[PDB]
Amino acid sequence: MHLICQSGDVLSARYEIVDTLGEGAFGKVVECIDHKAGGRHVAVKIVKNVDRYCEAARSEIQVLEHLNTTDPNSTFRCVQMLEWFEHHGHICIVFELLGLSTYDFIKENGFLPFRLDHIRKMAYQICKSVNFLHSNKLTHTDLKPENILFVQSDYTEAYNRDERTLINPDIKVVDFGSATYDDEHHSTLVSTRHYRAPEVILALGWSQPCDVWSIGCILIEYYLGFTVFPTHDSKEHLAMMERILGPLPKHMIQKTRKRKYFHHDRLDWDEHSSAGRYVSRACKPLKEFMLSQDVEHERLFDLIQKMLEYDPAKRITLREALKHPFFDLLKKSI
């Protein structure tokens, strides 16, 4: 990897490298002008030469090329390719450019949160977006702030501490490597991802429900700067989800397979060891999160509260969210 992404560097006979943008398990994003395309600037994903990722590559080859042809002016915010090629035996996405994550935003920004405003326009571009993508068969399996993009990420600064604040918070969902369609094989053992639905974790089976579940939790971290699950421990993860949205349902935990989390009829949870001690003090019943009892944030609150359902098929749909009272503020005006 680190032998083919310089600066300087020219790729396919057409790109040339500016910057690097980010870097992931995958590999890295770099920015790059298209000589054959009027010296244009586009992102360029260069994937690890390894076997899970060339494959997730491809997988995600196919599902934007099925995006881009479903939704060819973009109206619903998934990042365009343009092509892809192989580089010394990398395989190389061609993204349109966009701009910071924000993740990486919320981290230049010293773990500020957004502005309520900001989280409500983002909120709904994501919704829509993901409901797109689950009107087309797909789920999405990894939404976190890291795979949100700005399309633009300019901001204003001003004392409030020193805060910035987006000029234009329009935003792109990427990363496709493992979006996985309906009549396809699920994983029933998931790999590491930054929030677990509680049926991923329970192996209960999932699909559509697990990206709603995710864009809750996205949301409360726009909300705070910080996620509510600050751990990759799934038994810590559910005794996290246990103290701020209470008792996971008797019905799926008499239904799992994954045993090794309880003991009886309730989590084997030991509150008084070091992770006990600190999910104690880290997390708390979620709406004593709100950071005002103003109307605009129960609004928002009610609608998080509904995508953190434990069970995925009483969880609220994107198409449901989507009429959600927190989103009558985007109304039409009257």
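Here, rigid core means the biggest group of C-alpha atoms that superpose within 1.5 Å across both forms. Residue numbers count along the first chain shown, from 1. What changes on going to the form deposited in another entry:
- For the set 194, 87, 107, 118, a Cα shift of at least 2 angstroms between these two forms, after rigid core superposition, holds for 194 and for no other residue.
- Relative to the superposed core, residue 273 shifts its CA atom by 2 Å or more between these two forms.
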Contents of the next structure:
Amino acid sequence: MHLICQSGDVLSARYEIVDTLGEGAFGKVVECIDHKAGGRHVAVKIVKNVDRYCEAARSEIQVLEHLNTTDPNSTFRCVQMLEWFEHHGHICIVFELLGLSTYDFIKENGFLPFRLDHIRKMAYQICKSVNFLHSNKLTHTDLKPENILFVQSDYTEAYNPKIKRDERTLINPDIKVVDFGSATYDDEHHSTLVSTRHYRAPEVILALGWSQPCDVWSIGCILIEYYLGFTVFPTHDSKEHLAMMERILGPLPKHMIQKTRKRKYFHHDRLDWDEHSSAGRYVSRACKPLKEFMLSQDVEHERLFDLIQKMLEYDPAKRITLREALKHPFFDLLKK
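The form deposited in another entry is what I need now, so please give it after the form deposited in one PDB entry.
FYI, this one's just the chain on its own, none of its partners or other molecules.
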């Protein structure tokens, strides 16, 4: 891929590569000049020439033709796909050009959180967008801050005496949702494993089956990360992940424990986790009950945390739907 994704390379006798916007497992996304469309900049996803990513790219193209036809104006803020082509055996998907991902903005700003009023707007848009998917018999399955992009990531920058550091303040917090290569229709095969680990729902970890509610779980994780500026379940070990969950949210429901095929995590229907081991003391000291993460007792913080708590309901059958989430009091300040 390195040989065809360089600055200056031309794709499909039309798109001149400017630079790389980001890289993933799948390949990379590059900003290009569209020399046919008078020099307009676009984003081109160059997909690795590897079966699993080719297949996901083909699936993404189908999902986006469906979504972009149903919502041609992007009222529901899914990214607009413009075209696709093949270039030296790589599938390339052209999209409208967006700004930084919400993840990169956090990272570039030194892992500082977003302001609450921005979180409120971003959350509403994310819920609206994913609800539109949920209304069309789709589950995204891979929601994460890297897949939520600012329409424009421009910021103002000033020294802030309070934290004795320069600080970027986002100008326009409008977002779009990207990456529909894992999105699954209600009547299609469900992989056992979905979502990036940190955003993965307990029903997925426990291999209990999943559907739209697993997106809601991922959104809860995203919102807490927007609030705090860091990932709340940063581990790569499933058992430790579940231990973190229990410290933050309390014990898993017994019926879910009883149903799982992943017997290895449990012993006599409780998590098989030594709280006094090294890893265990770390989980106790670093994690804590969800509400203790609040940085203020002000009612707007309480409202956000009530919503996050409901999104992080363990039992997916009881978890708040995005339809209900859009009516939550946290969003009242957006409404006339």
